[PDB]
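Q: One letter stands for each residue in the lines below.
There are 2 protein chains.
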Amino acid sequence: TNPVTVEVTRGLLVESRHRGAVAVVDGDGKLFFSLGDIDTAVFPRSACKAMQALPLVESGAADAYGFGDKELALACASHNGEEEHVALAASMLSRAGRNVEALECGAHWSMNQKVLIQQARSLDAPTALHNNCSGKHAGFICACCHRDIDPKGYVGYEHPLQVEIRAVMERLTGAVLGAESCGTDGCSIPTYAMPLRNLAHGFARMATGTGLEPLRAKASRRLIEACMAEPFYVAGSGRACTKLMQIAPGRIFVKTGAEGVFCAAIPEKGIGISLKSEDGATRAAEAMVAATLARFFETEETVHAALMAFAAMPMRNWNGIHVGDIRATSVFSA
Amino acid sequence: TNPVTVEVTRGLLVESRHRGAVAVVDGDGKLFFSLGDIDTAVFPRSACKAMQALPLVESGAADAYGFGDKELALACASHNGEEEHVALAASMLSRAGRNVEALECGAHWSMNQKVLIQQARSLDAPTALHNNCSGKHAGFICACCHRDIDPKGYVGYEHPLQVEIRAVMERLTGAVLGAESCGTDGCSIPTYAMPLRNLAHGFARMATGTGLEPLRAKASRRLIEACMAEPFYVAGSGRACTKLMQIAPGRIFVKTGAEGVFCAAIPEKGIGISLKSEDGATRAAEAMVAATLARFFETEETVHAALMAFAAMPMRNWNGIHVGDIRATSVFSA
Ligand SMILES: [Cl-]
Ligand SMILES: [Cl-]
Ligand SMILES: [Zn+2]
Ligand SMILES: [Zn+2]
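Chains as they are written, first to last, in the entry's author numbering: chain BBB, 2 to 335; chain AAA, 2 to 335.
Bound-form chain BBB, shown alone:
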């Protein structure tokens, strides 16, 4: 069973509790730190978008369509569907001769409340461009068009692009990705459950190049640097991913996934991080990733304090009164 990783307090009592697992692995596969079950297969969901963006870069598509750090960050992004994000996704599809009609991810309203209010006020309905995965899907469509592969059905298990993605993520993680570990993701593409140990190892390899072909090392490093250089484009206004990567500019990589996943890397320390809140709560995964990062910056007061501000947070009610805290437990400092 997984330890209690996060507590939610009200008055003088714990009101709710989150259990979870955490794997921290270096480029060589060495375990630096672990909580709970890092050996049972868990769906990474959107947390592994940077891995799925390798076809876009490695194929030459990114360079052929003139993509910079903003486009690669958006390809790696679970974004808010702000105008900047929608404009860039449309720009990406346009350079490959496509538009919104080529996306197969569907439409949804922003999962940032303030952006949803803006969307609702200016649209009858969101489009597939507003989908948090529209950057990744435009990356997929660009990767296909550059290689004269028909993008139609790019979301399906048997499409050449999804065949390629299974191979790429097996090479990074050492985990086998197949039908028995496969589910359908939010955006209708395959998501493959794998141990947290493997997922963390894979990010440690993307961060360091350890055990990768040089082109894959270079593409991997380029995607990780793009996310850290353009953190707004990975998520957006009011988002943990964006704010966490603004604490130590260029030094911390993070990516949220649906159902309480986080992947992260500290390239200068050669470490990859993956974690799962067992109940699937985003708030627990946010506290956990900040507290896990904090272990590696205990000699930098300002960075440690900033990270602990996410590990342990005041909650305010509708009048803005402090009612309690979300707080990572003492297992992250043991």
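Everything labelled a hint here was simulated from the structure, so no lab data went into it.
In this text, a Cβ means the ideal position worked out from N, Cα and C, and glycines have one as well.
Check before you lean on any hint, since a few could be wrong.
The following label-pair restraints were derived from C-beta to C-beta distances [claimed, not checked]: (1) AAA:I322 to BBB:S331: 36 to 46 Å; (2) AAA:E299 to BBB:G157: 39 to 49 Å; (3) BBB:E269 to AAA:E159: 28 to 38 Å; (4) AAA:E299 to BBB:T41: 26 to 36 Å; (5) AAA:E159 to BBB:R252: 24 to 34 Å.
Guided by the hints, dock chain AAA with the ligands onto chain BBB, whose structure is given.
A: Chain AAA with the ligands in isolation, oriented as in the chain BBB frame:
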């Protein structure tokens, strides 16, 4: 530990898991069914609104202000902030010569996405009337004004109304309510943590009159019947509380609370129910309350099937593809 009460699946695997506690008690305090820890103090939050509506009824205020089942349901309600709910809260305050400016609960946008889209398109900003607790607070203000008590500060621990509420909830539940069990609620009023056993017992007494003074029995029955007669006003469009009380009209009482609480009653069976998802997820608490109710309707095939449809539900992605299920575990049928 608390047992695994709910699983969330994707493909052929459990993606996330919820642990929880459940107390089912009769009018006399006899335990009919239990899971996990029913003896540790948990915040009922909004789940005990019917208890907090007793001053409104017992004072004479409800009768003096001509409140029927719709107003009492709204006094007991965590509503969506739909125009019907807002209009009724404004009508309730108006009977005492009051309006939105007398509410101290604060404003918030709907936590129902469809209502939020409607709110965003029709309002610059929500008001305190849009607050899910605006009915309860209008009841509180009416209770004060009928007895010539100043409603100003009615949310404060030391206000005569909150003194009264501590007395009422102690007598129903047999739990001691004071500062050590006290936190601030979403709506800035006190919320008191108590064991689930006590909370369930309290609803069993409201449902049966067992061990209550006649006026309290009658006020208790009237609140429970109003919620069951006007279930839209307890919650609203697309809400578990509303839909669960439409399965067997007049026979099932349910009330959700923030952080994965549910209280319920089946008056004709003399049972009170309280439960807690340990992690605080609403989706887990909804599955749990449906599966717990289902145990008591195993000889009514139509009612059992309708309840099981809430205990075990398909989840669909943005394209409407079935990706997995939320399902109460087999501990609810053991
Ligand atoms: Cl989904
Ligand atoms: Cl009594
Ligand atoms: Zn996706
Ligand atoms: Zn309230």
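Q: All the hints need checking, so say for each whether the structure fits it.
A: Tested hints:
1. For AAA:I322 and BBB:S331, the Cβ-Cβ distance of about 42 Å falls inside the hinted range of 36 to 46 Å, so the restraint holds.
2. At about 43 Å, the CB distance of AAA:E299 to BBB:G157 agrees with the hint of 39 to 49 Å.
3. For BBB:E269 paired with AAA:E159, a C-beta distance near 55 Å fails the hint of 28 to 38 Å.
4. At roughly 34 Å, the beta carbons of AAA:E299 and BBB:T41 sit within the given window of 26 to 36 Å.
5. Taking 24 to 34 Å as the suggested C-beta distance range, the pair AAA:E159 and BBB:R252 does not conform, at roughly 50 Å.
When held up to the earlier numbered hints, the structure conflicts with 3 and 5 and fits the remainder.
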